[PDB]
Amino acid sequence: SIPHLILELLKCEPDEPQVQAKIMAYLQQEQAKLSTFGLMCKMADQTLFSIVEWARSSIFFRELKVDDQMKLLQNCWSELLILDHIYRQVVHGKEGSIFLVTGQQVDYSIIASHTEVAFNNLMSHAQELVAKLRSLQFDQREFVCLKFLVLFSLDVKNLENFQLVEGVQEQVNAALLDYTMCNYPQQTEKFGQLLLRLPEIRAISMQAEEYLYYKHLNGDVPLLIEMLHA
């Protein structure tokens, strides 16, 4: 019961089991000294490296010239970093625990200590989104639809091939609603409530950057900064 468009953009998805392997390997064997904070950074930096590679090799997006691609990535990289995290908590994560991009499971309270107060307002608001998507039955199909909805947003201005970006968003919006009425009809008002999260994800990402930017100037940070300092 899957619209043809959604089938195509599922083929663009990264292979998770090996994605988790590279990052686990980069972190551990490429350590020959980083604190508890310096991991969560280089991990998110490697997560970001993967998200960028997913983007510039995926359908439609690969049509654009480098200029447009970069304007697109500048607007939403942090939202894609948090959506990736949010979604990893929906499928693999379970309350009182956080699932990392390494297969590693860490407790909520264990990481509530290893990081300061502001950071715990994040994650806590992030798990509110995790909970709402969980009751809504937010699956892989609607997930990969939100990614492109985040990658191709109307808010981005001065785009060269604005036309194509206008198209993709409109069609993924169409394929999504078509899908989530078909697959979750008893859960009637689903399409709207999962569209309603895109400002919320844009809100958490905005705090994530403000936290991460402070920490940079505070000297606590070792491509993740490159994207911010632009």
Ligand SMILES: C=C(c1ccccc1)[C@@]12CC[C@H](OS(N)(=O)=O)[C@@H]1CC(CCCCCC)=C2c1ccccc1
The other form holds:
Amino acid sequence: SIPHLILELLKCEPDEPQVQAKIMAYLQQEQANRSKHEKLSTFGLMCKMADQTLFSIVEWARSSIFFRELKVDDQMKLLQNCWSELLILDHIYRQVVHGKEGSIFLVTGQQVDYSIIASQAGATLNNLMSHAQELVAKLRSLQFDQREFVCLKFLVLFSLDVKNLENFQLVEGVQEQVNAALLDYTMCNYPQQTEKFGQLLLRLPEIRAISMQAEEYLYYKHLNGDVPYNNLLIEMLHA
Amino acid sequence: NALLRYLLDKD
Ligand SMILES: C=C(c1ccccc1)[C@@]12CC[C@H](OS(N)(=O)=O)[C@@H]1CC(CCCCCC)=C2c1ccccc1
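Next up, the form solved in complex with the ligand. The previous block was the form solved without the ligand.
Now the full complex is given, and it begins with the chain already shown.
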């Protein structure tokens, strides 16, 4: 059985094939417009890809239950707190569903070999990607499923760490009720896995840690002159 | 963050 609340969260999920096709198409156009001697760094491509993923994350949140009840100022503060966590969580879940050993699956539907990526990404991003991959294997061994995934999405979005909200009670309420729903869902559908609830919740500090360290790294890369300028990715970094 | 505000408000 599925708690009614989780069903409401599922209703708000975007159509993934259309999100991925849209991003794929956008990046194909940008490549086409670049000439021979305007090669774009592999890091720069990933920045553009992450940038377009952020657009879809924003529009997902905008239309989601509870979130759409908040005033825009509150909405901005929530997304400014968790944008990088949602990117990383989306990345992690994509590998859980579609990942194969030795390859990474991008939001475009592309499959890329890790040996190719690891040659280019540098030590810091290789370290953070390895930490993320350890969460992937952990979540795959727990049989992490879509109902649990959408719960964690909302627990990440409605964070108690966000300060200065006009309606902090809603955020507190959603956080509490999603927790109770997840606790209920795991108990009913995975009754033999006592550790599942805790293991899931324990990934959120780890995702938080990976995402915040990733933000700090990207801010460094921006200050260093490496990020393709003017886009949503840069705006989220500075705010 | 004008851009984020715009994405949340645009019709
Ligand atoms: C925060 C990210 C980021 C990386 C580089 C530049 C800018 C941002 C991500 C998070 C998930 C996005 O994947 S995407 N584009 O949506 O398919 C990004 C792509 C990705 C894995 C491949 C990176 C290879 C670089 C040559 C990211 C990532 C970063 C750290 C830990 C786990 C995943």
